[PDB]
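Have a look below at one chain only, the form deposited in one PDB entry, in structure tokens format.
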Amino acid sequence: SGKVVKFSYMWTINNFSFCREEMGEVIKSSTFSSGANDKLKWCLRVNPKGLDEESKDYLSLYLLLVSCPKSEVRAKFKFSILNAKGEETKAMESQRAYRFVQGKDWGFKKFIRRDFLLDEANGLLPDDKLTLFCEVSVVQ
């Protein structure tokens, strides 16, 4: 079977400044698929107020492998924010592929400073909307 081997997931969180999540709490995206017969299932998990105390000043952002047909897959990934014109900003990338076993995440605990993100001058929350962009490439 042919496979979707690279994919870009776009997710807009409305009223981002209004997120009531406390530190440690998560917003989980819808599940998206890739690979042999949509058999790789993924989602994003974001902590608007950081994963933990170390990251209390940041938004934390992770890619989760929800399920896979075998034990694992290896994948490279990149996260960025889209500005009002749909252009990528503040990208962070994994560089190498990471081992995703079923149920495991990988990402950036200190993806972006909350104060920087929330400041209207920086144009990262047009209409108070956060648009995240996740590009994934799965090792074959």
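Superpose the two forms; the largest set of C-alphas matching within 1.5 Å is the rigid core. Positions refer to the first chain, counted from 1. What changes on going to the form deposited in another entry:
- After superposition on the rigid core, the single residue among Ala97, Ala36, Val26, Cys43 whose C-alpha moves by 2 Å or more between the two forms is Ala36.
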Contents of the next structure:
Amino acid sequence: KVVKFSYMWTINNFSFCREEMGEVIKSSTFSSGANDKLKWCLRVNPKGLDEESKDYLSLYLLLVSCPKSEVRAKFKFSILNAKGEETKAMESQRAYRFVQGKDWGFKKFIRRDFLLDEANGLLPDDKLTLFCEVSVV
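Return the form deposited in another entry of this protein as a structure block, the form deposited in one PDB entry having already been given.
If you are looking for partners or other molecules, they are not here, because only the chain is given.
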């Protein structure tokens, strides 16, 4: 069976976080619970790290622990708006393969200008809230 879980990550003062937190930002470590060998984190590059992704926020799921062996997981990321609604969701279509220190995700998860345009309601009080759902086989 599948073990489905989630993590909600709030990055405060998002508009300054490249200065205050750096080029790459790792979340706190999380898992499904206390009955779980697996430890994961999210990694964000508030500006993508090559010519092509420079206008995008990049978002990855990183396996931090040293598990039994290879882990195969599906993942879904989305952005929670001002109203508490999930938007801009994208999915791994299949299960990717993680070993300790391996990440998978989207180098171009979302355009910064989309995110920064206040009409879109994605940075209420300059807080970016990301929702990650993970599904381990």
